Amino acid sequence: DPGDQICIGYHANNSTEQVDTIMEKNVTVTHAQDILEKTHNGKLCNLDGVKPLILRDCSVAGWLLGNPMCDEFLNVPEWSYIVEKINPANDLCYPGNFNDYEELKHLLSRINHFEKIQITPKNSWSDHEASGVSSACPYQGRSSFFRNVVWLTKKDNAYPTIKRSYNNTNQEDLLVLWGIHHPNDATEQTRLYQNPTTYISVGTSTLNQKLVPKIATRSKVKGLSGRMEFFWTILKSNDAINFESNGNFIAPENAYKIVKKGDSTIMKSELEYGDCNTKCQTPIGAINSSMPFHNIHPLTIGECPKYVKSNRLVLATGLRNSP
Amino acid sequence: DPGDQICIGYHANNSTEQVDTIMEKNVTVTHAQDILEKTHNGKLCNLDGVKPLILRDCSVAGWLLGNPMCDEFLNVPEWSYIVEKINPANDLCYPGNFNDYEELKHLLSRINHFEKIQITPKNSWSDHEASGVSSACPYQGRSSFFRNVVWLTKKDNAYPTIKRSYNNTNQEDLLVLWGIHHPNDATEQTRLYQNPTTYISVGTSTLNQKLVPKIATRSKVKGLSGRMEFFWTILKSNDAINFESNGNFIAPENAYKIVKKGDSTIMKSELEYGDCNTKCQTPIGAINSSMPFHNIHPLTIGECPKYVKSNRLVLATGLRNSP
Amino acid sequence: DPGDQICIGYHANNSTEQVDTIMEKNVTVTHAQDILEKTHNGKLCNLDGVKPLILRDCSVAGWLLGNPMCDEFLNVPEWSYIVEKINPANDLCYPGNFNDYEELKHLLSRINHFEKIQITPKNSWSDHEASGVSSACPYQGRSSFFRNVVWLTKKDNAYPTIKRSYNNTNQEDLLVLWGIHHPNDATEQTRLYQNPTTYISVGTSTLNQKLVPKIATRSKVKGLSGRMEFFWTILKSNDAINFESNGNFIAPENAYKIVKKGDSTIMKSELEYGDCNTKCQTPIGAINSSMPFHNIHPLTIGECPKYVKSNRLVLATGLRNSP
Amino acid sequence: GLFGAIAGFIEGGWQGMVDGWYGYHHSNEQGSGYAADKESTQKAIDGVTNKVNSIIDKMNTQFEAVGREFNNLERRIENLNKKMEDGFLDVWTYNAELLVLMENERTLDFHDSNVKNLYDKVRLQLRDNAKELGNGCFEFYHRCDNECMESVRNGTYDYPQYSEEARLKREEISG
Amino acid sequence: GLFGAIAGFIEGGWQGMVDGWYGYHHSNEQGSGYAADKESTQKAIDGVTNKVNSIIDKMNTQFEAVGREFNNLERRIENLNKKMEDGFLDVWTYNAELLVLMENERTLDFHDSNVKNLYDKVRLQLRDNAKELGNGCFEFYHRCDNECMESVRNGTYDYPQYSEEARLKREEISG
Amino acid sequence: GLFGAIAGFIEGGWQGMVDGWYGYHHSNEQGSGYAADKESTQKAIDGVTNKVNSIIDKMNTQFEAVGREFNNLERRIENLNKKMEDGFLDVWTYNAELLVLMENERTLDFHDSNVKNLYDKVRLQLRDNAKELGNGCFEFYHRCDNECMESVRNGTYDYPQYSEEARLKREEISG
Ligand SMILES: *[C@@H]1O[C@H](CO[C@@H]2O[C@@H](C)[C@@H](O)[C@@H](O)[C@@H]2O)[C@@H](O[C@@H]2O[C@H](CO)[C@@H](O)[C@H](O)[C@H]2NC(C)=O)[C@H](O[C@H]2O[C@@H](C)[C@@H](O)[C@@H](O)[C@@H]2O)[C@H]1NC(C)=O
Ligand SMILES: CC(=O)N[C@@H]1[C@@H](O[C@@H]2O[C@H](CO)[C@H](O)[C@H](O[C@]3(C(=O)O)C[C@H](O)[C@@H](NC(C)=O)[C@H]([C@H](O)[C@H](O)CO)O3)[C@H]2O)[C@H](O)[C@@H](CO)O[C@H]1O
Ligand SMILES: *[C@@H]1O[C@H](CO)[C@@H](O[C@@H]2O[C@H](CO)[C@@H](O)[C@H](O)[C@H]2NC(C)=O)[C@H](O[C@H]2O[C@@H](C)[C@@H](O)[C@@H](O)[C@@H]2O)[C@H]1NC(C)=O
Ligand SMILES: *[C@@H]1O[C@H](CO)[C@@H](O[C@@H]2O[C@H](CO)[C@@H](O)[C@H](O)[C@H]2NC(C)=O)[C@H](O[C@H]2O[C@@H](C)[C@@H](O)[C@@H](O)[C@@H]2O)[C@H]1NC(C)=O
Ligand SMILES: *[C@@H]1O[C@H](CO)[C@@H](O)[C@H](O)[C@H]1NC(C)=O
Ligand SMILES: *[C@@H]1O[C@H](CO)[C@@H](O)[C@H](O)[C@H]1NC(C)=O
Ligand SMILES: *[C@@H]1O[C@H](CO)[C@@H](O)[C@H](O)[C@H]1NC(C)=O
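Chains as they are written, first to last, in this note's numbering: chain A, 1 to 323; chain B, 324 to 646; chain C, 647 to 969; chain D, 970 to 1144; chain E, 1145 to 1319; chain F, 1320 to 1494.
Check each hint, because a few of them may be wrong.
[To be verified] Some residues of chain B that are not near chain A, with every Cβ distance over 12 Å (derived):
(1) 349
(2) 359
(3) 423
(4) 429
(5) 440
(6) 488
(7) 526
(8) 529
(9) 584
(10) 596
[Claimed, not checked] Covered stretches of chain D (chain E as the covering partner; in silico rule of three or more C-beta atoms under 8 Å from a C-beta of chain E):
(11) 972 to 982
(12) 989 to 1000
(13) 1040 to 1050
(14) 1063 to 1073
Hints were generated in silico from the structure; no laboratory data involved. Yeah, the Cβ is synthetic: ideal placement off N, Cα and C, and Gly gets one too.
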């Protein structure tokens, strides 16, 4: 007859979760663990406590030079990272180019804090006209110019040779900016600066530069055939910079003290501030997760999961489940 | 006696296929699968339907500038890829150099078809001699020159200042070429161009260029010590290019319209056309295969297997085979 | 009674070595094999038979131009590799810059031996003064200069035009160095070279160069505001170099024949020679090991293990050891 | 599969056993019931959790891409930069996917190894005092209260102490 | 192998069996013959075909080299470009070679596990109605026609239907 | 283990066993003793030795870093060079750690499989001429000298030649 019995067996449940293996796809299991974060909040946030520098329709060039349409950023506080649009609208308002722009941008992504100072006051130009202005650079319906540099022109009918120097008596390093104007023809040249053959010299402990205008006829850009070409240098503490020019000189007014360096980046994004806080930021949204992986975007900053191009990553933790 | 039996066992055959393992090599197996393509046909073929542009003893510069010895290529049809020899014979016939050449060659790998047009008629130079010629650039027993650019010199005993403009009224973008001549001494400078101190200006919506000749003493190359330096730019549709010059100017005659962009490459090979067809081409031969891997060459174009540096790749499908 | 027995079992020992696996850590095992080298001897040795070139407080620039404080390296024997400090004290003694320095250092890592030769005897300048000297370049308590190039100045009150030439009739290639001096003001330019408007032309079969001094105001470096800028080229066997100048020219006196080619590198280190020998060298010490891996430093030269960042790497060879 | 136990000589699991992964269903005079073998379940919950932490910690140092910008006559190095960053993202994506596939394969066969070893654990204990039905069940040759079943689960079951009543019963079948 | 079946307690394969990978040889009054277990060979072909496709699909996104040119004063980045491309070709060559070695070894142990699981499939049905000779063979304690053999090959073999005829036979031997 | 032999149904290893990796503890009339199975140990030393050779040469082609220098306005390509070289080093450090982590675990399970196959090697040969005590030991139903013991270790043990004495002895116990 049937006596007493005993049997060995395993757990089953009502799970419907699936994992993959190399010999077999979509295997149903009793217990599984997803290890891939696939959601973000779609916003730009503070990183730890610290707010990002969100430019709007302004480019890096627009901000530092002081495009008149960018007055929001005339004095910014310490930031955690920087956000810039793909094709900012407020860039170089007067047409031209920015020498070594991509190297300045890389430097900027190693910096967390500037403190702007005035190095040569606008009321120190006593033999030249320091009120140059252009319709390609409007402010409130009227013609203006970059706020951190000055367009000097002839006064009376003369442009005496300029010799000016500045000594960095600050403890931190200085970012200094300047430019040169390339006119359209010989006639325009004499009306602005009087002398027909001009130059700009700039010297430092390491910089030894000489610029000469290119006078010629070119296509119209925003109604102008003239060009402006800009330059930058880092002036170390206790060094001096020397300017000499007899025309076409776009001179310094303000410069930046490098107060703090650290990890930062320049993000390309169309978003705006989201009044939130996070420890992981991507160009399309922030992440609050404990997963070891994520698949939202490869360009991130902060304390983040690792990026992979997978659509699914789920780990079997339990055993195979009976149908 | 022995009664009734039933036994369990596995498959065997007369196979000689061998597979490798991490613990054991050359394991004979009943069934195996090769996954490495190791054969090519040794010829240069069409890619799908499309015939390649096979330069012969001409280089890319020779073709584009129009070395008189490359007249086969004055007007080529749409191509699938470009074949150039390692050390082409017909290059720059007049000694000198081609500016930003490797960037231009990189640009060309996104192009499948050019359409040549004339932008300045040879009979438009009415105050200069537009018939410059050299024994280093022969044609049909007589001295000649590059066909797409024109060598202007003084007429009677003068060289007036040239101010010329061209507006790209085409729908497509234009590759425009030009040059400058560096003489050997001030005397040669005067017999050809009369003026002792010359310059060339070139302007665009994005370009602001100025060239000045370098008159000096150099080694003889192909019997000449004079030099020619060439430049290029891409003129956007509906933009204009402006030239100003009082000497040493090698002016444009023909330019190239970018008609079709796509996937292309420049292959280095000594081989010649083979009147065949393929979907996967390497510099040393074409591939017709179904294997997921190959080991013929790392530089391929078309629909190809994945490249590896292995001699063998065989996968175990069956089981171990009994002798 | 109990009949006969036979039992199944495995090896055990008094071992305490432990290996890791993915499911369980610190598993003590009977037999294991270490494969990671973790020790070095902490000194700089010969590589095979060949001693390295150890500049001390000299840089490559200081060495090759002939900084007066580097006379130790005026004629160096064949080397296996080169050792240099992070911030050497004997560099460019006269303040300024060395053009394409990093490309030249790269060229240097395929070279094992230079053989110095003279191009222009110091007493061959019969219309110029060839004895320029500076306090930024001291020798034994007095003012001196670079030994491999010469500082030419006006003699009487003239600087006649210089036309000098050299044909490389050697089988090997030549490394040739030269320079230009940038004064601080027009008075100094006249005091040194007489002519106010000057140039340097350098021509080769492939080189076509023209330099013009940049006269301007700069910070004082080591008490000086003048600058020197240096240049280089490789002259092919059977080619010729041509120089022409009417001022500011720092002429070649000595040049270098590249006599032995091979594998070398430039190591950054603070150590000094150790009278030892090795076949694998790193910037912080040498390696005598048979392990397939090491974890000392990523930059090695010679016949070496492969570098990994592990603290420990041990393979289980035996079986699990009974507690 | 590699094992013969799960979906093997034992088909299907017990929805009614909800205390562990592995255990026992006994059916004697004192009704029916379930019991989870904690020890084999404990080595299993600890074993798998060691696995998931090790894989996470091996991936904390993995390539991170940063944006760099280039002008219009830097097309070649721009193309260098893009191909290098894409290259590493493909390498590490392959490394993670293939690792999850491989360790999924071992995890399922691991539970399975533990089921067979537990079955073989008691089959080695009872011996000829029971019959192997061949589907995971053992019908033994004597009577067991609610302290005998306990002696096998804690591995103390004294074989000869029940050999006699069993010896009688298998002879009764041999009649 | 890791299981002991192929080239183990079962020695050698059968060249005469040409309809599958694993199967049965029966020896009764209606002669001998070979017969393949269709069910286990098909699930075995499905496992391997999945594997080989998985190895191909895991390699479809892999580094591709493109030619770039550099002038005579771009030597540092010419060297950078060359090493980066050579670097990816060494990584993906390692990934493909090693994956093949690993999955070769497991494919061979997959067949080994499959031969033994088929053997225990039969050992569990017959038990004391047959004897283990120790070479993969079962000698019955009763008679098996060409429809009894079939009941074992599809796992329908009725045990008590032969329990009596068999029990008597082993007593003749054990007496 | 994954097989149940090491730290399983056979507990602990033998410090007195010092001639091989796997073997026997024999106990008959001619005293006690230890003995190593030579044949299976050679395939075992060959197996681990092939593994380590396969593991080393698969890594011989691996990324080598080169020093390159950049000036102050080459920060972008300086940074590119650094990420690429750091990138390849993390990849090959990962590759080396994970491969050792994986093959350790398989090396331990290779030993466990080899013991169980050895145990089954004598158990399939003896059958009812001995009893499984449940600890890896076999107690004969007859007496075995030091020439019987050898026939099992070289796998020649003639079963029917000793079946009767065992059968008699076992019925004496079953009375
Ligand atoms: C560099 O010098 C070489 C060889 O020495 C010279 O050869 C004598 C004829 C005479 O000129 C000596 O005073 C020189 O030191 C010279 O090569 C020779 O050139 C001559 C003239 O054509 C020929 O003998 C022959 O061409 C060649 N001789 C040998 C034995 O190689 C170089 O000039 C020339 O080099 C050759 C390779 C050609 O390319 C030729 O066009 C070129 O002018 C001279 N270098 C330069 C740049 O002149
Ligand atoms: C700019 C100025 O006013 N400087 C003053 C000092 O004059 C300069 O000071 C330095 C440092 O003390 C040197 O002596 C300079 O003299 C030399 C030099 O380099 O040592 C003397 C060399 O003989 C000369 N070489 C040649 C070939 O002519 C060299 C060069 O002329 C220049 O370097 C070219 O750029 O200059 C000296 O000119 C002054 O001595 C000091 C104290 O009174 O005060 C400084 O303000
Ligand atoms: C920038 O201005 C500062 C402030 O005066 C100068 O540093 C001081 O200069 C005085 C005057 O000789 C002298 O005591 C020290 O050199 C220094 N004093 C202190 C307390 O810092 C600096 O000039 C000088 O700086 C040194 C380091 C060196 O470059 C020297 O040659 C130079 O003249 C000014 N910097 C420059 C580049 O002019
Ligand atoms: C190249 O020629 C074309 C053809 O005329 C110019 O486009 C036209 O220019 C006129 C002149 O003001 C004006 O009707 C339009 O601007 C335009 N019309 C048509 C039907 O195309 C072009 O010049 C103009 O191009 C536009 C885009 C704008 O930038 C305007 O400011 C400019 O004058 C000529 N290109 C250049 C660079 O002048
Ligand atoms: C695996 O399951 C998902 C769930 O929807 C399904 O979309 C997919 O097609 C399945 N894959 C296969 C190979 O059946
Ligand atoms: C494996 O077999 C091939 C076939 O001849 C042979 O070429 C090769 O040398 C063998 N392996 C080794 C390690 O020799
Ligand atoms: C493993 O052993 C080492 C050395 O004895 C010890 O330092 C380490 O802490 C152990 N592991 C853990 C997780 O503690």
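So, going through the hints one by one against the coordinates:
The beta carbon of residue 349 (chain B) sits about 25 Å from the closest Cβ of chain A, which is more than 12 Å, so the claim that it is off the interface holds. Here residue 359 (chain B) stays apart from chain A, with its beta-carbon at least about 20 Å from theirs, past the 12 Å limit. Taking the minimum C-beta to C-beta distance to chain A, about 17 Å, the non-interface status of residue 423 (chain B) holds against the 12 Å cut. Listed as outside the interface, residue 429 (chain B) is consistent with that label: its C-beta sits roughly 18 Å from the nearest C-beta of chain A, beyond the 12 Å cut-off.
For residue 440 (chain B), the requirement that its beta carbon stay farther than 12 Å from each beta carbon of chain A is met, with the minimum near 20 Å. Remark: the non-interface label on residue 488 (chain B) conflicts with the geometry, its nearest Cβ contact in chain A lying 8 Å away (cut-off 12 Å). Against the 12 Å criterion, residue 526 (chain B) falls within the reach of chain A, whose nearest CB is about 3 Å from its own CB. The claim that residue 529 (chain B) lies off the interface is violated: its Cβ sits roughly 8 Å from the closest Cβ of chain A, which falls inside the 12 Å cut-off.
Consistency note on residue 584 (chain B): stated as away from chain A, and its beta-carbon is indeed over 12 Å from all of that chain's, at 22 Å minimum. Non-interface call for residue 596 (chain B) relative to chain A: holds, since the shortest CB-CB distance, roughly 41 Å, exceeds 12 Å. With a threshold of 8 Å between beta carbons, the proposed coverage of the region 972 to 982 of chain D by chain E holds, since 4 of its residues qualify and at least three are required. For a cut-off of 8 Å, the count of residues in the region 989 to 1000 of chain D with a CB near a CB of chain E stands at 0, and the three-residue condition is violated.
Closer than 8 Å: that is the beta-carbon criterion, and the region 1040 to 1050 of chain D has 4 residues meeting it against chain E, so the requirement of 3 holds. For the region 1063 to 1073 of chain D, the assignment as covered by chain E holds, since 4 residues bring a beta-carbon within under 8 Å of that chain's beta-carbons and 3 suffice.
Of the numbered hints listed earlier, those contradicted by the structure are 6, 7, 8 and 12.
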